[PDB]
Structure formats: C-alpha cells, structure tokens
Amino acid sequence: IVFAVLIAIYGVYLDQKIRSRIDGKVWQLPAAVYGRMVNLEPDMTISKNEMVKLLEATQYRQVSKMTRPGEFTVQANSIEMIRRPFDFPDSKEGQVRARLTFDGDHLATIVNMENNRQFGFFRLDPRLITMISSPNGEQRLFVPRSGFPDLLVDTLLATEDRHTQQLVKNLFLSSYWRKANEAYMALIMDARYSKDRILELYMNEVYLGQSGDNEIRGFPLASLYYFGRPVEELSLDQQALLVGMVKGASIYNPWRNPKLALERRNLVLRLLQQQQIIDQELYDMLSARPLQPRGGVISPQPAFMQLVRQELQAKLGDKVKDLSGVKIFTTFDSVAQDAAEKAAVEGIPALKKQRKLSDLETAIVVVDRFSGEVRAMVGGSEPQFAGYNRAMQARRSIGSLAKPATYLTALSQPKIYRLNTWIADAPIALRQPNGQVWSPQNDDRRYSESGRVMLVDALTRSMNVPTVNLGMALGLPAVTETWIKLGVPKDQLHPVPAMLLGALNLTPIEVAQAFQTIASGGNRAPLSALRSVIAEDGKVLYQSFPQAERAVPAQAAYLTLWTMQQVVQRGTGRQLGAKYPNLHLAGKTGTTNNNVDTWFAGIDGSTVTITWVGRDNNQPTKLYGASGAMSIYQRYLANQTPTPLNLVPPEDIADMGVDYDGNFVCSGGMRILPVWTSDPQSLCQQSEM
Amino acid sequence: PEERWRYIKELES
C-alpha cells in the first residue's frame, strides 16, 4: 500500500503549484489603452445629432428600446441612454439610465430616469482603443465574476459541466498519460476554491481567436474583437457563438469561413432551447440574426499609438511593461479621428482625379487650443494598413506657414509696430556670403503702386517682399527667438533670410505646437497624448497637470489671430471663410517653391488643426497653391461639428479707426483695427499735423 | 417556469 503515500505527497506539490499562481499574479495582463472621457453639463454647446455620433463612436447602439447598457434612443429633441459601467479614476460607477434633452445647439438638461432629477455633470465612459502587445503573445482583458451576465454563465454550464475540467488543461498542461494529472489537479482546486471563482478564471482563460501573431483569449477581449461591444452587453445569439467557439476557435472563425461559423451558433442555440432556460417562442428570431465588425483588427490607430508609446517610456521609463493590468487614459477623440480619417481617405483621390495626379499623400494633426492635448492624428492617405506615420516622421518645409512668426515678433512691440504700420513693397536685393545676391519675389511678381502696404494686409495676403522687409528690420535672431518661444525644435532653426519665408523643416506635430502657442493667446502648452496611467490596484503611476508657459504677449498673439481671421475671410484662405463664415475661423496657408509641400493651419474656438498635403518623393504636386491642403481641412470641418472662434480680446486692446493714409483718427475713420494700447489717445498725436 | 422566458422576450425585442 505504498502507492497511496506517493499520490498523497504528489497532491501537496500540485496544491503548492496551484496556490502559487492563483494566490497572486495569475496572468501578465496587457495594458488597456482608452480614449478621452467626455463630461456633459447643462448649457453645454453640443447638439442632439452631434451627441448621436459621439455615442456611436464610443460603441453605443441606436435601438428601438433600451434593455442592456451601451444603448440609446433618439427623439425629436432628446436622447435616452443607459450609460454603461466603468471604473473611472475619480470614482467607480454603475449603470445609469439618463435623458439628455436639447433646446437648440446646446444640451439643456441631463435627467436620471430612475429618480427624475437633474445631474450637474454626467460622465461618459472612454472608448477602449487597443491593448499594448505582450512578449508571450497571450492578449486578455480581466473581468471579475460580477461583470459576466448570468445568461452567458447558464449558456456555458449547459454545454460543458451542468451541475472547470478544461480550466486546468489550459493553465499549466501541454499536448494520454497526464489525463489522470488533469483529473487530480481539477478536484484539488475545485474543493479548495469558491464556486464563483472557478467561472471567473475560466471565462478569462478560454481561447476564442487569433489576431496576427498574438492569441486573443477570454470572453471580454473576444466580445470587443468579434462584435464591438463588452461581454456584459452580449445578446443571447452573440453569447451562443462566443460560447460555441470555445471548442473550435480557429475552425468556427467568421472571417476565414463564415458559413461554417454560422452553423455552430444555431447548434448551441438548440442545446439551450432543448433545455429549460429557452423555448421555441424565440428560436426563429435568434436563428435569423446573422452574427458587425468587418475583418477584425491587427493594429488599430497606428499613428496615434506612436505618440502614446513614445510618451509612455519618456515619462514613466521603460520599467512599466513588467506591471500587469495597467490602465492608460489617453486624450484621443474618436469623433475627430473618424472625421480626419474620412477627410484623408476621401480627400486624396478627389484631388488626384481632379488634377490628374499619380500619387498624393497627407497628414492631419488636431490638438486642444488651450491645453495642447492631441485629439487626433492621421499620418497617411489610406489608414487601413499604415506603416509610415507622416504626422510625426515626415519632416517637410513649412513654407508661407512661417509668416505668422515674423508678424508676432513685430506686433509684440506695440509702441513701434502695429496693424497700421506701413511696410515697403518695392524691388529687394540682399547680398549674402557664398554668394549671389538674394532677390525675393512675391507670387504675383508685382509691387504696390504706393510702394507700401500696411502690416495687417501683408500677412492677410501672404506677401513675400514685405515679410522680408519686416523680418530683416526686426532682425533674424528676434524672429528665431519667437520660434523657440513657440515650441519648435532648436536644432531645425537656421537663422538666414530664407527662414523668414519658410526655410524651416518641421513635422505636422511640431507645427501643431507652434500654432497651439499662438491659439492659446501666447501660452505654450507641451503637446500630450496621455491624461493618466493607473495600476491594477487603482494606484496612479502618471497624472497630467497644466503646463501653460507664457511664451509671447497675449495682446501680440490676439492681433496675430485677428489677422489670421482676415487670412481666412479675405486673404489667401478666402475659400474657407465663404464656406464657414459663422465659425470666424483663424488660419494660415502654406506653400513652398514649385508646391512640393502644401499646408493649412486652421484654428477654431476649441482646437488647432494642421494639415499637410504632398508627395513622399519630394516632387511638384501639380496643385494650385494651398487649395490641396485647404480642401482636406474643409472635409474635416464638414465631417464633424466645429466650434466657432469668438475671440475675447485681452486687456489693453482698443479698436481704433484709421484714415486712407493709415493714421489714427480721433472721431470716426474708415477702417477699424484692434490696437494694443492702455490709453487709446494716440489719435491726438496723429491728428495734430 | 414562465417568469424566465417572459423576461427574455422583452430583453431581446
């Protein structure tokens, strides 16, 4: 009877091996990357239709009636939704049935339907974008017993045990003799663990699919992969297939073989319809429902994830992937990204067919006007398969998009340079070392009859000759100092006269930072993709704080933005001002010699949007001016709902009237211009002639 | 029982 001692002592070693993994770190859970968290408040400038696209972009479903969470219904002037549960960083939250009611172009109320009482603010769960690739290649999403519906548990138990045996198989075993080992270790833990815990570990471990060279396993990550919704919100027809795929994940895959995978769902629906849980009253409904996502996803948002990945080890260090169950909260906006991706996908072939181009590429970057939080990033014409990210990697000449920096430097000197100061416009010839004389020309190759133009109009019209006359009067290091204050790389600045008209090679995310500093009213906000990084135990690892650094005077930035509103209404960008006049959009056009690169920096009330349009091989685009990059921005403005830019003038701003000769008038005048003054009595000094 | 099947009709409709 010595065999009874060998098996008894062996069981203690199996019990020690189970206790070590289960009581502690079970799996190396990858880091979940979520999008932005949108709070909703009374009198918020959001429409009903704008809220519908926000909800659908955050994985909500428009339905006739609401049953499970992540669902909503539209009415004449209101939306009724069930806000899904989400463990937010500030406070954990359950399901919330609420009605968002609209007056016109604003959210009037948000009322909880269970108590018929308003909310001061209402949180919206962030969209799960992707999971950060693990070394082992076992991608999962942990969900405790509480998160799984009881019908999904009944559908599982009905087709497997019907009171665990395959849990121990996938835990520590591999691929007849060790079936006794599987039977012994199953009964050891089943007796020494809870009835609820065995379903939790099983539902997160089971293999349900593949996504390239990484194993997608567990009901939670599989639900979002196969259906685009969490495990909690699975319809019984979707639960039947997800339960059915446990036996043959690869053979019952809907992408490789849809016909074979369709029969499994109906077979599992019969196993439960034959038993008590379901009857034949609804078999015809669930058997008709076909399976939704089209061809899964290997790498969602590759462009935006480059910035997230770069920023993670640059802030927290590479000592972070070792941690399990990390929660990364990004600034990503799904409405803007979806709007930008369509504008790039549809806008590129629209230009190639009209102008007869063989190839044309693009890059769009949207950031917050005041905080610099990166809201969207498109780095190519077709973001279906995107290896190269033009928004970060493609470093190109900014061209005429460099002109605002010269006028900013000038307008920061209120006592000498203003919006009515005259700049010369006659032939120029600047000698330089090595070697020929530099004779810059306007696009027109024309000069003004009077031999001068006032500052305001030179920027409005993007006049080359007066920008060189202004830029050289201030000095090249004064203009270069503004580029450093605007937040561009110092290694890219070469202070020579060519720099004044665009000899400066920046990438769209570096241009985004420059225009952001202006957009805020001269406050440089270091561009960021991360909001916070939280551990599995709720402890914060990284948390953003405001970094608004006073770069240039607020009055100088205001007048430069006021002039950029004239650029879009009557100047180089007059095309967009006629389409969207009610936004009062501020912006600037970008063109290089032979139009190798085209750009547009568009600022609205809420964001800064930089757009580049050029070829990868640095060749002439055969496109008129900045119309190439403006038409992509027009499509982005069309694809989502922009915010009107209603500029609030800072202190010491006085709207003064000037005569035809460009001098301030006491009473009246024929052209009103904002001017940086504490005492607007400059008119006395001008009128006493 | 009929209390399980009736709830499922209004949940899936």
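Just so we're on the same page, rigid core means the largest C-alpha set that superposes within 1.5 Å between forms. Numbering follows the first chain given and starts at 1. Compared with the form solved without its partner chain:
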Contents of the next structure:
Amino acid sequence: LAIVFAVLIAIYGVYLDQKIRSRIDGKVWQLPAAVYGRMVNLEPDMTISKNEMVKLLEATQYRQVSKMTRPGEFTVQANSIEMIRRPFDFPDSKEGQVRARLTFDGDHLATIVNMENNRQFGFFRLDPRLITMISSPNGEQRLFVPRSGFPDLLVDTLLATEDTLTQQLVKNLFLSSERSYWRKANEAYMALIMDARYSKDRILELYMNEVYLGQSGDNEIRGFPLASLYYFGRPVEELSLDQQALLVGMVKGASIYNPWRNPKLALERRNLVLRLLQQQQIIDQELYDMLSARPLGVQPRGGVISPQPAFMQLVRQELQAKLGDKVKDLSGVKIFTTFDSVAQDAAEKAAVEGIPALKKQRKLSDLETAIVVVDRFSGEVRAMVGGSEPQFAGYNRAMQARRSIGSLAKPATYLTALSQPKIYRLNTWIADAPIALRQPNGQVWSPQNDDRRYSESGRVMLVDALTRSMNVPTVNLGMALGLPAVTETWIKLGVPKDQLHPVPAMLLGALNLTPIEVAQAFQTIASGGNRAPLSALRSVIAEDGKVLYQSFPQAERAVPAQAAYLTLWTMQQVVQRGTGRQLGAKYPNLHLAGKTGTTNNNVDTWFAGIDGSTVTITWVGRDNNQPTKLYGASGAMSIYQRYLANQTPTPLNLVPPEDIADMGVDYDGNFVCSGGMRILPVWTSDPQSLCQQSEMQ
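Alternate state requested, the form solved without its partner chain (shown: the form solved in complex with its partner chain):
Single chain only below; no partners, no other molecules.
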C-alpha cells in the first residue's frame, strides 16, 4: 500500500498506554508535606470569651458575616456565635461541615450546639490553620483534594471557559512545553487514550491538582486547591465566584495574570471570565455587573514565600531529630504542630510595633527582639518571633541569638535555697552588706547592688531579695548553697549543660542562653517543677492515614512543687511590687508571675512572664551587642505588655500544693501564731514552726 505506517503508530499507541499506567496508577506527584498548627477543642465551661472566640476563629480562616451560607463563615450575636466548622480530616476522625452555635455566659463558653439536632457537644473540634508547606526537591507545590471537594460550580466555571481539557492536562504532567507540533500530536493521541482509560470524573481530579497558578520564589504553585489559599487564604471549596474566576482565568496566564504584579491585566482578565459565563445560562445581568464591580483579588498584600520562618526552623529541626531523613521520600505527609495563630499574631504585632516605638522613644539605629511562647505545663511551643520584622527573615533570634541572661538567672538560686524548707524560707534573712571575692587570679570580685546601696539594717528577707532583684544578697545566698547546687538546678530546669560555667558570676547572669532555652528553664518552674521538654510537633501522619510519629507527655519532676510554688509566688511579687511592678499595675487581675533581666551596660533586656496558661520569654537588644540605652528590663517588658494587650491572657491562679500554709511573721521576721504584719506561704505539713519560733522569748 503501504499501510505499514498504521501498524507502528498503533503499537506506539499501546506503549503510551503502558507509560500512563506506571504514571497514574499510584504515584502521580511527590506531594510535599503540609504543616498545620494547633488543633483546638472547645468545651462546655471552657475558659474562653466571645471576643476571644472571634479572634480565634478569625485567625483560623473563618469570615464574619451577617447571614451565613458556606463553610468557614461565622456570625456574631449578643451572647453567642454561629459558625460552620469546616470539613477537615482530623487524625482522630475525618469530619465534615458542622453548623454550631457557641453560646457564652461571662468568661466561659456555656454550651456548643449542633443546629440540626439541637444536641450538645461534649467537645467540639476546631480545624487547624494550614501554616505552610515544605518543598519537594523537584520544586513543585500542590495540595491534593478529591474531585468532590471542588464545588460542582467551580467545575462549571472551569468548563464554561476551557471545555480541550484532557488535552491540556496531558501536556503539563507528561510532555515539554511548546517544543514542536511533533508533541501536540503525541498529545491529541494520548488525550484520547486517557479520556478512554480514565473516567471524566477522574480527569478533572488530575487536572485541577496540576494547573500552574502562581509563583513563590523558585517553587511553582500548581493546583486549584493551593492557589485558593495562596492568593485568598481559604480552601478552594469556600472560594467566592470572583475568586474562582480569577483562578480559572489564570489557568492560561500564570504570571502576566498574577495580581501582585499587575492589577490592570489581572482585573481585565477576571472581568473577561465574568462575561464568559454571561453568554452561558448561569449568569444573569444583575449578577455580572456586580461581581465585576466587586474587586475580586484579596490582597494581604504579600508574596508569602516562606511563612512563619522562625517557628519553622524549630519544626524542621524537630522533624529531623524524631524521624531522620526518610520523611522527604514520603508523599502527602501531614504534619501537625503546636503552633498558635492568636499567640503568633499577638507576638508578631507586639514586635513590629514594639520595636520602632522603642527606637523612636529612645532614638536608636537598630533594636532587635525575640519572643518565645510555650505552654506552661506541656512545654508545647505556641509562638516564636525571631526579629522585629518576623514575616521576612533568615536569622531567628529566638533560636540562634545566645545572649547572657543577667537577672533572668536570679530564681535558679532562690529555688535552690527554697528547695530546702528546713533552712531557707521566704522569711529567711539574707545579709545585705559589702562583699569581696578573691579568685585564683588576679582580681577580687565585689558586686554592687543596682543602686550601689545596702539595706540599712544590714539584711533582707529572701522574699524581698528576689522581688527587688537585689544582687548582693543573691550572691551571698548562692555562695552559701554553693555553685554546684545552683548549677544542678539549672541542669534540672533543662538548660544546655555545656553552657553553665559554675563560678560566682553565674549567680548574677554569667550564663548565655537563647530565648528558647530560657523558655524551657522558666517552663519547668511555671509548671510547678515538672520540666516538660519543649516541642513544636503534635504528630506526623502519612497520606494513607498512617501514624509515622506521635508525641506524648514526657514531662519530668525537676524540683519540689512547694519550691516552685514559693518561687513562683515570689515572682508574683516581682511583677506586683518588685522589678516588674509596671506590668502588675497594668494587669493586676492577672497576678502574673515574672522576672526582669538587665545585662551590664544594657546590652540585653529580658522579661519572663508567666500567666495561667503560658510562659512568655521576651528578649530585646542589639545584634551588635551594643548598649540598648534601655534603662531597666522595661524595654523588653514594653513588648510583653504589648503582647498581653493583643491577645486575651489567662490570669494566674496558683493553686498551692501540699504542705503549703500561710503563716504570719513579725517585723523582725519571726513567725507568729496569730497576727503579724506580713503573711508568707511556707512549706510545712505542720506549722508549729511558729510555736518553736515563739519560744524565742
């Protein structure tokens, strides 16, 4: 003939159907790991407000409305909130939409009701915000969604504009781009092998998770799902039509139709797509003119290349330690972190506004800052700020900046003393006179009080000593207990052993830590003496639902509860009438426990603040170690009081442990069985400590 040619293109035909088998049956992409924040459970009589609740919802992608029609929305009432808790695939159970009314009375959430059965919820799951994605070596970022996850609507917006789909599809996942006619043939040929072997229903599952729709550095953003988030901040399913249009309009043009870069060309493309469905039955003139009028593109406005960079450092670090290298191999990995968006916003805000207000107020060139927030009892890390400009960064001062803590070291000592309830109490009289301290060579160490003065009487109760952050008595104290012990306390609060150089000055701050290390130390005390090893990770779950890693309470008794109690109580004095008295004046009803830090020549300032739920380490200083001109620890307090004012802190109600009892002491500081001018908590099962003190006579 020769019709031999037709024998070859057919046997060629079955070779491309044997290639599409290996491709689509199973592994279509190496899907990068998804990173989600904390999964919060709301509960009857939970200690949360309606206002708080708004912020929380709003921080986890929910949108206030007047009347509510799609998932991820909420409407506020005078004592209640109605909301549609979005479908989410929780490790504990997959779940769907749920319409629920949260009802409030005071500080507590009273009930939580399903609005289809008017039945209560014992507990109610709130889906975690998607924080970020990690890249694939490949450098293509998608987010797999079932075809049924896309509204049938968006599909029709897709179709009405683009269907030659099974045609497009193949090229992207299979062939090069615009290399020859030679390939378009391949395409048309494959394009009917596909539409033959795999159903229409499945095709646009594979399509809508392949389409290149945006850019973030050197990784291509592909997939309707992920684009929705990227550009707007909501799942494709919750996309309004103006947004879906932008998406569907962008399928052709992925950079020239980019909104960030060119509004005109982006808007001009969308308003075209808004009229591409007007010929179509779906759109009625009344709608079209309105949608086009509604400026479709929701601008943060940011590129959002590397989100939560500081926090992620830790996460990435924690993936490595608990799962080695063989995470990257795996596809469709779901990683659940301890991250807290409300705490984070509050943190980032508090930096961004705090720092310039402290340069301006004090007239500075540079002033950097770091904030680390972790669960009082769990150690779970809820927020982390590495610098004054925390959105965009490569240096994380929460984790890398190792700066002497100065004062941030005083309670190690007191807790050490206060662990001995037979000998040291809060009313124990420490000496407040001039010290001199020969070392091997050459000097004689002679630490002065902050004010360079000394207590008229020659002494000070231990309770006031710490409250005031008085140095002299603190060295007198430590040098009586001995540096090895003060060092043992540091080891047990969980500070990096290599860091402790047990020499007198450590007592006052010769100790360099990173905010996160200090976060650990003060956690251990905040929890009443259980050290809980900090972490970012709640779990790591595979695509086939399968647990690769799960965290579990690994907390450890580090110091006596009574000792932590007493020490913590004292740090409530620190904030109420001592070194942090300025916060205590602002938030008296918090009864915050905390402690101030100041290095010499004001290079570093700390504040360390415990409320009923968190511990918040706040550091402020200069990268170049120069003086900060910031008199006192206030500098970093001014950030902390910013932070507290951004979120809704939990007031600190210390529950005294066993063998605590409030006793009276006289002006001379000896206990009294009735009366006394000053009531102090004491570690005794039997408080006749006082009788035996009263026999002084």
